[PDB]
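Here you get one chain, nothing else, as structure tokens; it is the form deposited without nicotinamide-adenine-dinucleotide.
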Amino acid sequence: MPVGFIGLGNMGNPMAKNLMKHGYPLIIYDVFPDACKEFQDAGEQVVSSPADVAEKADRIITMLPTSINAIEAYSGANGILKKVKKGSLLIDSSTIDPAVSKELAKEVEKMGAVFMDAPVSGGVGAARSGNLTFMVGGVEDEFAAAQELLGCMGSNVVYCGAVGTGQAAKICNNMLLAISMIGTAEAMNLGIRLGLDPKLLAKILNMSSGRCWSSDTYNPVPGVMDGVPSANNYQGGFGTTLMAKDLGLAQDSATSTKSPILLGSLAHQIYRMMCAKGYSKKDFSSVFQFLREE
């Protein structure tokens, strides 16, 4: 029983590898043939199009960088829908607009197949270890089937509701993350400028009502925590460009649903600014470096 995998970037590659570690035969496609060679050298079937993946696999995982790439992989000239068979399970782990997930779902449904959005949180490390969180939207009858596949690539797989709810949960999490990370940077910087030792203030934040994941798990001030990007000049981690993309999705959804987001809008514009100022390739926690005045 082969599984299709489309998109083998910094996330898709380790995700696919974890499926192979669980004994799944794979049918592979990426627009970059060089990203496929690694898997071909190891007995996995590499094909020429997403349609060709659907021709040979009744379960497919798509992992793509953008809304546009995702719709191209499904509705494009050689997209999955051109050759998708009845009763096929299609799981999109791309992070995209909830509304686009819904539109995609309506299209696969016309073909008598099932679509589920399952965007991931965790990053390259969790992708490699198989410790990702999947936030899953779609018909709940199909969740159990999906969980069998996703459980091989992630440690938590959560049913969020109907199609697009996975995207919605992920987008809302990351918006709150950005707000709190910037908040942490702002409070730490103010604290230091007020004459506080950063390590002491982190300690106070982390035993008080200010405690958050940003401050206790991913502190943006160099020297406060080991093993976080601020320890290493903001290398790796979760890229500022990626954070800005996610906040763009939050912003678009907030306008669409007429939800007021004062802090979320500002977080978005701040990370947008950072993209234009040389932070695009730095971990998003670099906002502290953006704020602080040496």
Contents of the next structure:
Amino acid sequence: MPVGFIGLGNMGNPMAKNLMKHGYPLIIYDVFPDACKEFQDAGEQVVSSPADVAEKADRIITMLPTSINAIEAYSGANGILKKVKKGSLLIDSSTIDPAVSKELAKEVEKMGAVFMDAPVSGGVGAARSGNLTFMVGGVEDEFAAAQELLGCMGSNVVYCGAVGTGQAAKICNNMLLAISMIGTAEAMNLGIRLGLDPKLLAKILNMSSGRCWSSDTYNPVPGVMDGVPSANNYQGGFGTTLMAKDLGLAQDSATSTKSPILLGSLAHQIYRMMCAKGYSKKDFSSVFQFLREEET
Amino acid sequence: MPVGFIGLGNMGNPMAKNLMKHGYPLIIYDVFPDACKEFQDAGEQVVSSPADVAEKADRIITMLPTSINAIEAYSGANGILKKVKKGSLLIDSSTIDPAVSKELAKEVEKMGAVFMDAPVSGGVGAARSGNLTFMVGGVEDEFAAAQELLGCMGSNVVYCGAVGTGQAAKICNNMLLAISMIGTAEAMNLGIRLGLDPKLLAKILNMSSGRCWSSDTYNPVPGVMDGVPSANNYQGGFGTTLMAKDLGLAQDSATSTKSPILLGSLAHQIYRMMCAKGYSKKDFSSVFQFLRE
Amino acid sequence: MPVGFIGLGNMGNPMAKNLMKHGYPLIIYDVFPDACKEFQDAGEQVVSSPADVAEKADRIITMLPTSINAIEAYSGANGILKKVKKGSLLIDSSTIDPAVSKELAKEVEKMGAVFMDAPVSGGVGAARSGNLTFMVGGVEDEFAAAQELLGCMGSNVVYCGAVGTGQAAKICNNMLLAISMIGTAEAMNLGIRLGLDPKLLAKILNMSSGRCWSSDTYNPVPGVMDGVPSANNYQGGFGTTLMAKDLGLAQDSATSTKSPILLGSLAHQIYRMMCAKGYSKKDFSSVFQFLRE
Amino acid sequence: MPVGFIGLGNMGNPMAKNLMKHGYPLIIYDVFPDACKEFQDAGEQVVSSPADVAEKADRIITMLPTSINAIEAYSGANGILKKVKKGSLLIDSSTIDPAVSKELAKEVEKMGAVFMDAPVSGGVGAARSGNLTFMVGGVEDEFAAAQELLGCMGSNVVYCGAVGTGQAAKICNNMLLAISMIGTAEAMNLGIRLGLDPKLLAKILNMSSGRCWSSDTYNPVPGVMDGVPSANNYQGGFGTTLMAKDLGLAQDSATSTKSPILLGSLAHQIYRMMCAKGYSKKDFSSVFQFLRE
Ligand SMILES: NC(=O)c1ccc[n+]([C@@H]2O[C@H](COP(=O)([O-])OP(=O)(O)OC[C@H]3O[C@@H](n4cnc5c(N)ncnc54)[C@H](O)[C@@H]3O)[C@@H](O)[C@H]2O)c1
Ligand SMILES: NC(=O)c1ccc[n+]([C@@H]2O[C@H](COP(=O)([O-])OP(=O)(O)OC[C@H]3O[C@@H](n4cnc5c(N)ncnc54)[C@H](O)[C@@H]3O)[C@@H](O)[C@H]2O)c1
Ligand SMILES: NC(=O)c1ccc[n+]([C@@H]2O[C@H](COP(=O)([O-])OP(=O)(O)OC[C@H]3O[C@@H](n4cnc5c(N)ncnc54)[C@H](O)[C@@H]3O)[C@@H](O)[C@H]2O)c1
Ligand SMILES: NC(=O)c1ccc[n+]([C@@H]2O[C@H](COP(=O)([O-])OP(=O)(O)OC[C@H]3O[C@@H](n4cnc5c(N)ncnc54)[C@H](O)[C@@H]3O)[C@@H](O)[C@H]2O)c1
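Swap state to the form solved in complex with nicotinamide-adenine-dinucleotide from the form deposited without nicotinamide-adenine-dinucleotide:
The next block holds the full complex; its first chain is the one shown before.
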């Protein structure tokens, strides 16, 4: 019973592969055609557009970079909504503006289908293993159905409320993360410059009120925690570019809902600075490197 | 074998009581005399100055508000250093500027005594139960001795390095808390205004990369968590005034060490505002009230 | 030769009046109908919708609050673009998102008309006297035509580039204004609290590298300058609500163009908080009153 | 009638030269001895310490980098106060912590001399020409005397109040400058990236509510204005190191007076970072370079 997948990059590729592990035939499409080559070999069908995915697939998933990509993929001249069938389940696991999710939801429900935002927590690793967290928004009746499908790609699938709530939950956590990580980087930098041994300061933080996931699970000072991007030149990880994108969404939503985010705004600008300054492909925890003094 | 205690407020009072529970005679002093009244009843000796505590006590503890108070309590005209005895152990568990800790350390070591900064993590509750964390700085040989004494008032006593490193650790930790608490607050306020139930957003933060002490142990959003100040109009707890003082210490250390603290600076200024806008006596998680429309 | 005017609030009312002073018949429309009553008395024609202004007016001006208002006024079910005539000149002097200006520009050009964003500098006063500055974007050949019309309402009309550049010019200015006003407020408060007389600190600021329009022309500290809003409890002036709206524009355009605006972002949030804390109707210079204890 | 001058760097050298232009014999000292070599050739006396300046000079001026330097130059083992004479006039035109100015003032007054803080506005250019602004604090009777002397080096000499008020004034002006300059840079960077022509955007800023000294006299965008550091790769001018120093003085005063400074703090932190990143030897207007992609 076929499943449609549109967009097969860093999260999409392994996500799409796990659906094949659980035994689903896929109808693939991607605007970068090289990205599909691997799937045509696996036995799966590659098509020429989103509309052509919809014409053959009763329920579809979309893992695209940002809002304009989803607007295009769905509403475009050769988009999904041009040939989506009655009662179809469309799931967008991209991270995009919630307002845009609702807009798409209105246009899908106009077509007699169901739409659900389902952005993801966890990176390329969790994507492969299948331990991603899905934050799901939409008509609650349909959540049962979506859980069946999303559970193949992920270990946690949480209902967040109406369409848009999934994006809002993703965006809020990333903002807190962004803030806490820059904070850890600063507390750590100040302490080291005050004479403390990083390993000990990190200990003190991690047993006190300062403790957070940044300090205890993703520590940005090299030589403190093994297994994290700081141990490995901040390679791979979750990309500064993406942190900045997600922060940018938080800024858009903060402004529109007239929500003051003092620390969040600055987190956004710091990451935006980092991207213009050669950190864009480095892990977001490399904010510590950015704070840390250069020699003369 | 007598122990000297100078400064008996919110942390000092219960700390001093726990030393009595483990069976130490106390030589009490406080510039606010009413604060002593309770101890003169318990059988303890109240004196007229710090110098007079030092004249009678071989090892002393000081729990004072900030730097100027410690500078006065020690170096003052009738301060400790006027009558401290050879080989005495002086411990300052105030949260003050590290630089000032070193300056006192130099003046104590001049007098042939030992000084150690030992600021505390945990609030009034931990103080009473005796589960405070002490972050201790000073000459490492002396740490053994200090652990013996501090362990009566606290459950964790950690060596941080040379004199000043304890204040360094307390100050830094409080900055991360402030940044994170305001962070959690901004995040929850955002999500609520985007139409999320707070109990569900907290769940998500807490099973995710956002998780931190502020969000999973001290949530600032009324009705999310039992047994926290947001459950009770932000009474008690750790006060905005004190938070703001501590972040001031961070700001000044950051300046002195030339360390960029962008968020830390905002955190400082936000709590300074709250002190001016009637939050001074509320718990610092009340920053969420301050952002909430 | 008729001129269409949509939206007659604080800037719109006096702008519309100055076009009557130079001798133009007006075709008025406003979603708040009481706002029109004054013009039906002057002899001018009030209509039921923007579309109905278009049906009667060869060149139209729109002075609306923000983006969605322009999007609706033009593209709406009974909007301008429903009945606009070949070769018409449409001028939007609202302050809105540049991106939205371009979008309307494409939609107007599709209908064989000309569109031009022409936001304004100067307040209600400049509006009345006719000394507003217009920042104008659009196809440069059409600038001559627009200057003829806008010059009735304003004393300076400057070409900024393609459609969107006017909004981008207004938005960047109001961002620098906001940053500098909060700066002046902060600097003055710091000096006052450091024991300076405010009038002296202003003298110094205004003869030195700190001088800016905020300090030498619109000074936020009551009693430093006569005739500025701070001399009359921040009544009238340029509204805190609108400044936040404009800073929201800067913010969202900074995001879209990936432009780091650190102080700018803070300015936005500070003004955001003021709206929620009882400054929304007060002049934007009231940030001083908001900082002061 | 001899004048003592201690510290002959970027401001000191030309200041000291203007005193020679008005015809004063100078008794020079500087911890960097090469800095003196030029004055030994002019006929002036170089000495081996501040104390040795005081032994020969009835009224002295000190143009040093920061607080510790003044503390040392005055109170040091071979400092001024070791051999200052009755009724002498000591003037410190360094930019330092006001609290430290008062401390010195008390120590000078104890020795029967007068002390006056007199920090300066205007850079290396105004220094040479003699158009610097002096902001003067101290006992008001003595202001007459100091004006006679300072007027040789500067065109404006303003009384600010008691000792420390000069520093107070310098420090709040510079904080406002930092905020506006970063503001301008942010404003200009955002306009450019929204596609404006810079020369135009500056024109608009400079005829609108955004206008300020930063944008109309010292515009950081290369090629908008002639004559400013941004025309010459940000060489010379007013160094990022010193701006960061002055904003550290604002910050520490801001904390000490419990004054909220959200933007001044950010300003401080930005300039801090720029010093960490090889902007230190560059004029402070180089903040535009730093934000720009
Ligand atoms: N990478 C991570 O560690 C991580 C973690 C959590 C969440 N996310 C979120 O997941 C989303 C995508 O992650 P990713 O790293 O796989 O992105 P990606 O860019 O690597 O993959 C997206 C793919 O979509 C394709 N695409 C773009 N527009 C399209 C269109 N109109 N039609 C068809 N295909 C199109 C691109 O060719 C690309 O291969 C983002 O929104 C991101 O915020 C990423
Ligand atoms: N309150 C908390 O939850 C908490 C937690 C950890 C650390 N701290 C830190 O511990 C320190 C004290 O906290 P607190 O709430 O007990 O303060 P407090 O005001 O409640 O207690 C201070 C006491 O010291 C006295 N005092 C002031 N100057 C004195 C002097 N010169 N000589 C003798 N006594 C003097 C005061 O009269 C008062 O009784 C602070 O530095 C604070 O930041 C507090
Ligand atoms: N007020 C000032 O001092 C000042 C100064 C310079 C620039 N501005 C800018 O001018 C713009 C508008 O200023 P204002 O004070 O006139 O705003 P305003 O709110 O006072 O007036 C706008 C009017 O438009 C009407 N309106 C709203 N939606 C409409 C619609 N869809 N169709 C037709 N009419 C509609 C409203 O009823 C209202 O009366 C803002 O973007 C602001 O930034 C204001
Ligand atoms: N540079 C400017 O455009 C400008 C403008 C206004 C105000 N200021 C203020 O002026 C002050 C100094 O300005 P500058 O640019 O000449 O600095 P500078 O570094 O060029 O000059 C300082 C001089 O004093 C000497 N010195 C340092 N410590 C000494 C000591 N203990 N005893 C004797 N000499 C000592 C140094 O060797 C140096 O020659 C600063 O405090 C700054 O904020 C500078």
